[PDB]
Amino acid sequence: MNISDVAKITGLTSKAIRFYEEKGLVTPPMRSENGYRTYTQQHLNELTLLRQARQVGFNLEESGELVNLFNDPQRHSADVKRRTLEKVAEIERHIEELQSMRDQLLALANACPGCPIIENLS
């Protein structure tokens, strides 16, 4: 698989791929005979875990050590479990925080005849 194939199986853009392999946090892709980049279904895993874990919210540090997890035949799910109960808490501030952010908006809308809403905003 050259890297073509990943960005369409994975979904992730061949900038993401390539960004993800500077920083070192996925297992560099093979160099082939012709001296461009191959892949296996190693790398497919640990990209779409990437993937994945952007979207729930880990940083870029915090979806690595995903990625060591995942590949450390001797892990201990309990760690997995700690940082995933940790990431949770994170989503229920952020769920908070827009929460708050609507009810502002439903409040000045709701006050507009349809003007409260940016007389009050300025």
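Numbering follows the first chain given and starts at 1. First, how it differs from the form deposited in another entry.
- Of the candidates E86, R51, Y39, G57, only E86 lies at a hinge (point where C-alphas switch from fitting one rigid part better to fitting the other better) between the two forms.
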Second form
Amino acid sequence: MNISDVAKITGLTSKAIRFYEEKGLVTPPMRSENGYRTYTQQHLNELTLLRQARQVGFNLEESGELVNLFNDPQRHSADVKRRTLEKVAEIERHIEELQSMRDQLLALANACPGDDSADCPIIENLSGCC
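Form deposited in another entry structure, per the form deposited in one PDB entry context:
Next up is only this chain, free of partner chains and other molecules.
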């Protein structure tokens, strides 16, 4: 298969695919006498994994490490679980963080008469003036 073929089956863009290849994150596909990248089923799996890892919040470096595990048949299914559970934690800390913001913001907008007067305790609050 060629790249646009793989693109559409995986939901990745072409540029994305080249980019992962460039970054050492996936196995390079063979070229053809014309240089067109030429993919096999394996590459498909690698890329799909990559994309699916991304959608579920792994970053590239980590998505890559998941791919290095896909390619090790002596892997421990545990070293993944661990990885996967950190990512849950991290996702958890990040949700805490956004709630604090939700909170801080909601406080500010209660106090705002939002009435077309120009005193705006949001602004006043956001800058330490007054």
